[PDB]
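Note that one protein chain of the assembly has been removed; the remaining protein chains are unaltered in position.
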Amino acid sequence: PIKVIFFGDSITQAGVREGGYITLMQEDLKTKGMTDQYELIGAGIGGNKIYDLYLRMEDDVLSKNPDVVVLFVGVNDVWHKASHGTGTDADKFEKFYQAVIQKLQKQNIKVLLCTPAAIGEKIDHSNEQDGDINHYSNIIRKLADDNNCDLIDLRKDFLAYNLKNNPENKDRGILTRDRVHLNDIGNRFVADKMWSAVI
Amino acid sequence: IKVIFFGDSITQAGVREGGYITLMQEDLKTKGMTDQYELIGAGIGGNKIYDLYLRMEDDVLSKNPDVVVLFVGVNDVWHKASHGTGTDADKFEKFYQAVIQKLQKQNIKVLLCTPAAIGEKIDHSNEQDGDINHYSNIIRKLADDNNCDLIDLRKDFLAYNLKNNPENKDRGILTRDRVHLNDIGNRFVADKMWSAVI
Amino acid sequence: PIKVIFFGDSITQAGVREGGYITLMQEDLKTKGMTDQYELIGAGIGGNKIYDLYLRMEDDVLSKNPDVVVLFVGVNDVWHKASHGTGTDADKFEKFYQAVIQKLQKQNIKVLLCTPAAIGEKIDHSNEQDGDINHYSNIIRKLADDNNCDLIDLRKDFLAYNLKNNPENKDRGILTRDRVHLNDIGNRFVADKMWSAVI
Partner (left out) sequence: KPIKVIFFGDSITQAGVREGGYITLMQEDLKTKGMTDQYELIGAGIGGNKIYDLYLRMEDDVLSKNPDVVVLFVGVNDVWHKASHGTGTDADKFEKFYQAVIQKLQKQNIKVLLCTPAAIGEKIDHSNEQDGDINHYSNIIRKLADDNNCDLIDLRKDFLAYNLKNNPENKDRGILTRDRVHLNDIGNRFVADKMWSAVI
């Protein structure tokens, strides 16, 4: 069975609980009789930034000899500039990110890259940190091309879904519960986009 | 004519692309009717009757609707098995009465839905058919007691599955879930609401 | 004399008291000079579920070398799901029931299978656990067919009798004293259906 590890933050940590996006994917395998073809594992820790991934990467990922690692990190590297003054510089973000990919590919792991979903679901580019979120999504998109990795563009997916389903321009409640972390519908949404890119 | 659908994740997802409210709104557009009816969803995932009671002022009364459709009950049954946090039958009826009474005091036309399903099997072998049926019987008594039109989605779901679920599947006819609607299920409930409300 | 053991629960435990369904069967035989053609034994224990039957079936059934065993179990497997949270999983209920049947047939005992009577006598399918009682009935019906055991469809019989004689839609007092255990009329009814299937 192809061993897939999701490596990331709280979205990913909460992804293995009930109704989390990884759990939903596991159940889809069960009902589609494909449990023998894939093992999905979550390796997420709340508040993780890209350098945190680099620090725990040997124990939590490489030691498990996965076939596929999906990188779902970036949101905190921006968010924490406003919340704690401890976000990640844009140049070092790309540096740490690239070094994480080069270690994964050196193990012949297939790596996929996720852009951050959201900090606020408002549709008029008025969420306080939309600008860094788009900027760091751009970095991730360049990294995907530079390293020949498939891209899972949740930033793009979340924006497009919100234009179709947020007529009253709410800041949360569409795919997020609190502007960042997912609700039920958002967990199912992300599961679909992961399934398409991975299964 | 301001209509508010007050209830569940079924209603919350009803205002998304493909959900039953969105579809009714497209039908209004098609029929050149959009200035005759303003359809609004006030659904929240996981809500039981007492959750509607707590928020009905900020979310319904203060919007001054002309029409409120109550679409609640499935969680009141379901959460007995999934969390041990369902609603006792007698306090279900009591809260439901309180909600109806508060709306009608504002001269709001209130309409009542039975719960659709927890499992689409046709031989009454879904684990919670019993409470679903009993809580529909409560909702039916209330519509009568308070002269409210009944949208008997439970009745409608059972009749449809009897006709279109030959393999006796627990999901995939009108539900994706045993509980939540698929695209066909949203079109079906859109039709039942339309007939009752428009 | 053909040795018949009723292997079950509380209904079969009370079945051998005065007025219980097994006592009525014994009386009927003596009232027709037949108390020599059949020895009717009650092996019921209140609270028993299918795995309880399995645990004791050698000391209470197999070693008694009966010709006929009537299995009358399952109501607690469903009922205890809500009263104590200790019901029986449907798949393990089928498996234990199958293992019990197979051990009887191995000794060439003749096996008859009873569906659970009721948890509540309301006629509009609005008893709290009608759904599981019906689902577990279907499991018993299937096991009866798979293993060529005659069926005593007490669930069917009770439903129709109540459809007929419970116009006011009461949850008890028709064939049960308290939704589950039998009143006099219920014991007489069950004794009648056991007799047609077993004698």
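Worth a mention:
Note that the chains are named A, B and C in the order they appear, and that numbering of residues resets to 1 at the start of each chain.
Going forward, a residue touches a chain if its C-beta (ideal position, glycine included) is under 8 Å from a C-beta of that chain, and two chains touch if they have at least 3 such contacts.
Within the full complex, the residue among C:63, C:86, C:107 or C:165 touching the omitted chain is C:86.
Residue A:59 is the one among A:58, A:59 or A:150 that touches the chain not shown. The residue from C:7, C:21, C:72 or C:96 that touches the chain not shown here is C:96.
If you put the missing chain back, the residues of chain C touching it would be 51-52, 54-55, 80-82, 84-89, 92, 95-96, 99.
Basically, only the chains that are shown with their structure count from here on.
Each chain gets a centre from the mean of its Cα atoms; for chain A and chain C, those two points are 55 Å apart.
Separating the CA-averaged centres of chain B and chain C is a span of 39 Å.
If you average the CA atoms of chain A and of chain B, the two centres end up 35 Å from each other.
Within chain A, contacts with two or more other chains are made by no residue at all.
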